[PDB]
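Throw the hints in and build the complete structure from the sequences for me.
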Amino acid sequence: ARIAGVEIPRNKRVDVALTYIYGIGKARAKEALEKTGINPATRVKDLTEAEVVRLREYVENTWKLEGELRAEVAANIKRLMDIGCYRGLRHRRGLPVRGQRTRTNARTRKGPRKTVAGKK
Amino acid sequence: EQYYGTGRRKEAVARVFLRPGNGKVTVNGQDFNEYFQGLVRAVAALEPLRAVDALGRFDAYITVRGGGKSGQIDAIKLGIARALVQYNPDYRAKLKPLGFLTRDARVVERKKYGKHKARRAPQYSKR
Amino acid sequence: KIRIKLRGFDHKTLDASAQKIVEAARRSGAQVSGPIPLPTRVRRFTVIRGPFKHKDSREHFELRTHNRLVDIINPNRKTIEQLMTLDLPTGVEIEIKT
Amino acid sequence: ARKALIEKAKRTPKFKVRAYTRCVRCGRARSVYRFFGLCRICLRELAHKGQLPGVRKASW
Amino acid sequence: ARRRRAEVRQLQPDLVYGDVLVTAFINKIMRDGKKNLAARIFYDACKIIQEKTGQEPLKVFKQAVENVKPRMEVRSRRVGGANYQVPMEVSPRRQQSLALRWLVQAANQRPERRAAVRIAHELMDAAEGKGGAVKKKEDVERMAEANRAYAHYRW
Amino acid sequence: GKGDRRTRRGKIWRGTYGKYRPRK
Amino acid sequence: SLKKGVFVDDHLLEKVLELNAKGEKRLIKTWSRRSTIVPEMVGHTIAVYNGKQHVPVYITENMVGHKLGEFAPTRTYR
RNA sequence: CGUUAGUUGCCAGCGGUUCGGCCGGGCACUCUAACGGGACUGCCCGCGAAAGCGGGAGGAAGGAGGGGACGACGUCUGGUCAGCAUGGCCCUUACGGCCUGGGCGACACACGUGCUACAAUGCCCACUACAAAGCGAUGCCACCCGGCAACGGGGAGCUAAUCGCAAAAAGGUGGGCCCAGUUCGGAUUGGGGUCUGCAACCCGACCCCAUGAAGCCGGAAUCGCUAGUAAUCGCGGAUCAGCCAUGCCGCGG
Ligand SMILES: [Mg+2]
Numbered sequence: 002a003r004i005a006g007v008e009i010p011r012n013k014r015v016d017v018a019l020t021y022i023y024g025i026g027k028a029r030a031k032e033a034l035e036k037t038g039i040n041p042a043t044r045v046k047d048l049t050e051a052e053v054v055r056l057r058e059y060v061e062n063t064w065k066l067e068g069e070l071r072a073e074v075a076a077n078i079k080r081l082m083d084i085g086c087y088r089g090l091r092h093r094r095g096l097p098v099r100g101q102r103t104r105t106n107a108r109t110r111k112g113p114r115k116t117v118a119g120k121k
Numbered sequence: 002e003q004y005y006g007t008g009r010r011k012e013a014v015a016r017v018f019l020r021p022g023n024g025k026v027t028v029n030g031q032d033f034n035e036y037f038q039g040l041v042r043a044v045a046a047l048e049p050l051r052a053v054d055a056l057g058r059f060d061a062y063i064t065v066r067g068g069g070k071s072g073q074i075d076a077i078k079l080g081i082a083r084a085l086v087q088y089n090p091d092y093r094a095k096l097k098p099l100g101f102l103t104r105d106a107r108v109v110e111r112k113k114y115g116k117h118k119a120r121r122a123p124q125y126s127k128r
Numbered sequence: 003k004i005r006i007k008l009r010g011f012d013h014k015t016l017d018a019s020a021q022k023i024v025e026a027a028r029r030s031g032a033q034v035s036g037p038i039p040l041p042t043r044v045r046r047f048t049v050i051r052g053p054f055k056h057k058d059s060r061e062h063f064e065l066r067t068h069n070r071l072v073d074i075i076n077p078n079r080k081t082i083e084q085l086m087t088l089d090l091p092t093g094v095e096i097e098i099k100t
Numbered sequence: 002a003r004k005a006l007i008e009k010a011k012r013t014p015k016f017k018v019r020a021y022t023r024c025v026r027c028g029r030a031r032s033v034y035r036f037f038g039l040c041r042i043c044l045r046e047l048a049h050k051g052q053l054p055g056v057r058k059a060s061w
Numbered sequence: 002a003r004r005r006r007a008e009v010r011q012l013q014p015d016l017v018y019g020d021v022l023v024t025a026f027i028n029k030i031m032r033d034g035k036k037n038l039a040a041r042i043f044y045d046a047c048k049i050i051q052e053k054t055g056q057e058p059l060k061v062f063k064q065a066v067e068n069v070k071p072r073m074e075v076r077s078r079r080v081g082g083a084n085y086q087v088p089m090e091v092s093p094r095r096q097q098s099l100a101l102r103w104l105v106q107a108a109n110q111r112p113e114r115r116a117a118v119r120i121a122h123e124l125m126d127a128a129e130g131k132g133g134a135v136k137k138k139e140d141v142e143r144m145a146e147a148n149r150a151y152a153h154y155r156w
Numbered sequence: 002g003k004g005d006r007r008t009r010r011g012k013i014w015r016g017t018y019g020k021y022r023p024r025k
Numbered sequence: 004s005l006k007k008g009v010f011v012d013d014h015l016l017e018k019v020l021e022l023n024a025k026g027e028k029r030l031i032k033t034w035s036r037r038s039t040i041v042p043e044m045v046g047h048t049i050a051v052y053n054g055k056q057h058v059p060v061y062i063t064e065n066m067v068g069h070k071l072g073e074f075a076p077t078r079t080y081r
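Protein chains in written order, with the authors' numbering: chain M, 2 to 121; chain I, 2 to 128; chain J, 3 to 100; chain N, 2 to 61; chain G, 2 to 156; chain U, 2 to 25; chain S, 4 to 81.
Simulated from the structure, these hints should not be mistaken for laboratory data. Among the hints, a few may not be true.
Unchecked claim - Derived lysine-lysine pairs resembling DSSO-like cross-links, with alpha carbons at most 30 angstroms apart: (1) M:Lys65 to S:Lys6; (2) J:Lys55 to N:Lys15; (3) I:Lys112 to U:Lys3; (4) I:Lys116 to N:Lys58; (5) I:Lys112 to N:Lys50; (6) U:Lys12 to S:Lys6; (7) J:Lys55 to I:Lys116; (8) M:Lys13 to U:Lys12; (9) U:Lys25 to M:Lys36; (10) S:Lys55 to N:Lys9; (11) U:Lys12 to M:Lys27; (12) S:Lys18 to N:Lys17; (13) G:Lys29 to U:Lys20; (14) G:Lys53 to G:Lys137; (15) J:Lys99 to I:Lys118; (16) S:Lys7 to N:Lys15; (17) G:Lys36 to I:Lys25; (18) G:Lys29 to I:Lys112; (19) U:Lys25 to I:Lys116; (20) G:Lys35 to G:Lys63; (21) S:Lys7 to N:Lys17; (22) M:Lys65 to S:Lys70.
Next up, the structure:
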């Protein structure tokens with residue numbers, strides 16, 4: 002059922018299926034499935050409405066989530082522009098942020114490739 | 002009462018005492034099938050007996066340590082065999098044709114410098 | 003009950019110099035639990051042969067401490083004589099214990 | 002600068018992080034074994050002479 | 002192999018049916034040097050030829066293998082002007098290997114999700130004589146024969 | 002496997018310890 | 004990343020504190036780019052060395068826990 | 001395989017065992033490490049003028065039993081004046097020196113060598129001695145407590161076949177995922193912390209929460225390896241405060 006934000010998992014274990022949220026990892030899922038006492042191996046497909054809510058409430062209230070987050074991070078990085086620290090440009094200049102080479106690799110933070118010529 | 006052999010196999014040493022009668026086999030203070038559990042080949046370690054027809058009319062007590070489970074498996078195999086030549090001179094004339102008596106000389110050959118791994122050299126690109 | 007250690011680089015002259023201590027403790031002492039050889043402590047160095055880039059082709063050097071142990075159960079001053087002084091070690095160390 | 006340098010590496014310094022080994026023979030910053038104070042070079046050297054006690058050529 | 006003609010590395014017989022040819026097969030199934038799992042698989046596969054057919058596994062195995070051995074094949078040949086696929090017979094060691102190689106390969110190409118089933122079906126389907134192994138057998142035999150014209154070089 | 006610090010393997014490989022591989 | 008002080012430089016506070024007994028300076032130059040920017044000692048525009056020169060960095064509230072050189076970048080067209 | 005030798009082995013054999021080879025008792029065995037023995041085409045068949053070649057017996061080992069160290073006259077006007085040494089030449093309020101900071105880490109791109117994957121012969125979690133080289137007294141850190149953890153307390157033992165790093169991992173057994181860009185894969189980025197160091201912005205590694213990218217086995221090309229090898233799985237060391245080691249030199253399964 003609809004847990005977080007405008008969210009609906011399905012037809013798989015709840016532990017796994019909880020995962021399908023932005024902010025719910027494999028760790029926060031264990032934590033929730035015992036601090037509200039729901040066996041994890043059950044398929045969503047068949048679980049109490051008593052339990053869909055005891056989940057719902059735990060989750061939205063324990064922590065920041067599903068696009069509240071997407072906006073927070075969004076809002077963080079736009080601050081790293083500030084007056085302008087290092088990590089700022091870097092984000093501004095779409096380059097690796099955490100002190101690692103750019104001569105080779107840096108593919109994950111760069112557009113496929115952008116080949117040219119050279120060498121004589 | 003007692004008999005002995007010392008099986009060895011690639012860092013693995015096999016203290017083996019047989020005794021007549023039963024069929025049970027204690028290995029490092031455990032039944033054979035508790036130590037070698039699922040390990041499909043172990044049934045071979047007691048192949049030397051099936052060779053002489055002493056099928057399972059010895060017991061045997063066995064310490065075996067050093068390295069490897071399957072190396073141990075073969076180690077024992079040498080004891081179980083080196084034990085019965087020393088409880089019958091003529092236990093020989095039909096274990097040689099099958100050669101449960103050779104040590105098995107083979108061992109982790111050494112890592113040489115410049116190679117990756119003893120023999121495996123690295124990767125030549127040429128241009 | 004005497005427990006004397008013998009460390010060394012030279013294998014041949016522990017078994018030499020400290021098997022005078024299996025005589026001069028048998029002739030004027032009595033009982034001897036023979037030399038017991040403790041496993042060696044090998045210290046390997048590995049150097050690239052040339053002064054420059056030839057990262058393959060190296061040489062191997064090992065400096066090995068041979069460890070030897072002696073126990074004798076008749077502690078007299080009948081013994082602390084040749085075993086006070088009467089020498090042939092020259093690059094050995096010894097730990098004297100009881 | 003190798004002179005003013007060999008000396009400065011004998012001193013004690015503002016902050017002990019700035020310390021370091023240095024082939025006491027062949028005055029050398031890199032690959033200086035701790036049990037010798039000796040650049041792998043000025044070393045393979047002595048080793049070969051025998052000026053290094055108990056150090057043999059390894060073989061297995 | 003310039004000097005000698007190489008001894009055919011002999012194999013320990015099987016610790017079950019007592020057959021070299023089985024271990025041979027087992028070896029091919031083995032991956033990263035994990036002979037254990039390899040063996041489990043082949044035996045567990047013989048179990049799915051009880052549960053499925055009244056026959057003895059070994060006999061099916063033998064008889065499937067015998068069905069995937071090629072008799073002819075095109076060995077390549079250069080001559081100064083073109084390339085010639087020349088049909089020669091197949092020496093019994095090569096037969097042995099191609100078959101057993103092919104089975105495992107044919108088998109790992111199948112759909113079912115589990116080691117011991119893929120082996121099993123293949124083994125059955127090819128002793129009937131309709132394996133995807135047996136495809137890449139009649140193909141080789143056919144490829145020779147179509148190049149039957151060049152079959153007068155055979156060195 | 003060997004690259005997820007949150008597998009056990011991830012930590013054997015890295016050599017480290019923690020939640021996902023504790024010191025016995 | 005530390006948590007026992009903020010490893011910020013002696014010579015810098017001496018100058019900041021004793022500047023704030025009435026002090027409104029920009030001419031304030033420094034080479035201590037590894038010193039953490041200290042709770043609210045703002046206003047003053049510090050001049051940070053990047054290896055070549057001192058940069059006019061005017062400082063604000065929102066840039067506190069950051070070290071000083073994050074604002075004096077060390078290389079060109081990046 | 002033998003000889004020599006007992007703070008590592010042991011009911012191997014019997015006694016005590018709070019059932020930890022711990023307690024006497026013993027080196028038989030295993031092992032540790034020093035010296036010896038063993039293989040020579042010596043034996044039998046067959047071919048040959050011989051050397052030797054094909055077989056067979058004995059034997060742990062057959063015909064160079066398996067791995068090293070070991071690199072002929074010389075060749076590449078090969079490499080290195082930046083390890084050192086050295087002829088020659090050039091600087092000598094500077095081409096010497098000393099410091100603070102920065103750079104050697106830049107990034108439209110392109111090759112090399114690798115690591116990790118693309119999964120079910122797999123991933124995950126639980127349990128479950130198969131051990132086979134090394135390092136440790138400005139250290140290895142058993143054990144306790146605090147912390148999900150990194151790590152922080154207290155604190156024992158061992159100048160270390162005695163104590164510690166140390167869990168080997170693949171494996172086995174149970175359970176779980178059901179072919180899904182997934183419980184495959186862990187790049188990227190956000191946040192909160194640990195440690196070493198005067199100091200971690202540029203430029204450390206580690207732990208945890210979140211985020212989860214490309215990748216469904218790779219064109220023309222092209223690399224390694226013939227047996228305990230290849231393939232696969234962990235272990236240690238050197239340098240070193242720490243570490244950018246997936247590298248290197250080594251060990252075994
Ligand atoms: Mg560089």
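Run through the hints listed earlier and report the numbers of any the structure violates, in increasing order. 2, 13, 15, 19
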